[PDB]
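Take a look at this one chain, the form solved without ligand 23N, written out in structure tokens.
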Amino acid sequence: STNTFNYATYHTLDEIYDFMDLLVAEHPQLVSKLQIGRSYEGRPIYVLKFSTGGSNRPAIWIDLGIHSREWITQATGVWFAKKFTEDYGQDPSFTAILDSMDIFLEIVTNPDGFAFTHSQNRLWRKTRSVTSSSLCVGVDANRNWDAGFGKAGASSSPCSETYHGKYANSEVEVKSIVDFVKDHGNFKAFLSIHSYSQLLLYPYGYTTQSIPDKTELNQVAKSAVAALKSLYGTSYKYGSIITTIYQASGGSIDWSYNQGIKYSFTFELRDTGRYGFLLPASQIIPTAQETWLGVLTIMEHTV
């Protein structure tokens, strides 16, 4: 059961998918599992929908693990999923959130890369799409979105870790989210979880022009990182993608903000580079916990 599940260790693709089935079984009135597409290599892409009803309620999107090696994110997603089911009807603010909003949680946004990080290459980041006329595989899925696509901040070299693919939304993992979000039509927040560097970022990555909503999103980020910090003292920086970590094109929150999803943020979780992507399992739960406060803080500014 999800009560027996070990949240303080890293899991396989199958173990996470299994976790999802266990959670849906234990909480049929709160969580359901949607398949929004398949991965390049044919794995199902699963989004957990947390909802107390209504129809097409204003929604919060959270993608984790779009970069497969950032294992702290998938691990955080699993923890989040469990916590949603624990806190509804217990926590005032979260109960409040779930009463008015749906949450869509994609724990493994890049299943093919995730399996590859377990079977072949722990540090694999990209999808696993086959590039015609190349010896290399995979696209940086967070450079595949239709926001400044192909512009500086991503690579046209197929062997590059930042290769953006042949055209925006070329990756099924990405098109799947796009089609889902577009069809849903009522997303108010869109959260992309990554590691590492301890950043909370708002758009844009692809351009120096400030977003109209900068003052608000900046305050929200400031609030979020402060809430996150209160737990363990973890220090995050926040700002636009391009002023905080330089130009990046084809990014997810740049796309979503441009769809009118105002509350678009990207988290870069622990740490700052000591362990990097190989963050120790013993940090999974504390990271999850502090990140939760930050996320919850953002959801509150959305309701």
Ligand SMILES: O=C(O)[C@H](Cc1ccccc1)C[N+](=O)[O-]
The other form holds:
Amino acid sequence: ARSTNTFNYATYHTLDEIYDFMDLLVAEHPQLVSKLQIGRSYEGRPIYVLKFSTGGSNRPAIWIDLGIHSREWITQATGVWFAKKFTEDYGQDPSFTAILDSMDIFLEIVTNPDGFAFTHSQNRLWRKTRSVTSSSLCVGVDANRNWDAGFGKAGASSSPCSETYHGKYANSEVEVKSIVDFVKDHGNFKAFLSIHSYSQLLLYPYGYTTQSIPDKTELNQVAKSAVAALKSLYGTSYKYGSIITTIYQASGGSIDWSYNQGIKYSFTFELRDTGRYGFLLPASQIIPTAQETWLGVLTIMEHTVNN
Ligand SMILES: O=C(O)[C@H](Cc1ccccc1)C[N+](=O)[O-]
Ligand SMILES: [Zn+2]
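What's the form solved in complex with ligand 23N like, now that we've got the form solved without ligand 23N?
Entire complex below, previous chain first.
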């Protein structure tokens, strides 16, 4: 409602409620958190990134995006919880305090706001952006097939009506270009975490090719350690490995792009569950999901500051 402590973390929210939450958290924690507008969506909604910083200086940074696929409600709900948790644990958890004392975190809670608004007003299962061209009656692009990393290769669809439509060219979606510009402008990201649901997976690059990344051994073990940390709280069991070996080919993906920019700790989370409820994860699962996922993310961040 009126403070981040009266905000209900155990229910799903609208775009406007999440956007309001950001302003409240900035107001309450002005020495730690600022709200950045990195662009506007196809339909002209502001695209917001929360910056968590204690100072500097172009500090080494962690990127986290949630809700690129709009129907994956657990992700935006987890993003809100993450934002609050950062303000809770800074000054409290020594490990996390050390991360924020030397690094910045950039958190994008609603990466596809038009899709999110649309899952509230029209179609709960909508996944793509809401871009339209006169070239087709079909709406939207899969924003996680739109990145300039194996763009247009097997693992995406060239058909505008497809749910995995890659768009006409790489970065055609302003929601993607806004991130690309921000990350390129910055130049000093060390981790890039893209949060999705569902399937309980922790994935590293690549999706578009079977070629092993030169950091495979390391990321595989970081992934194993993060999965163990996550499992430790409530027993939630994740599988892990490269995108292509674990699911299948997928092209134009965010972490393939981020990894190719030299951002080593590039991972994609697929949160709860494994299909019991699927996209329609019960609200009662929001806080436990956010809690355990935090443990996994923290594990990755600790490897970033110490490397
Ligand atoms: O099919 C997809 O778009 C995803 C598989 C994937 C996961 C990470 C990078 C690229 C692709 C899963 N996603 O949450 O729907
Ligand atoms: Zn997704």
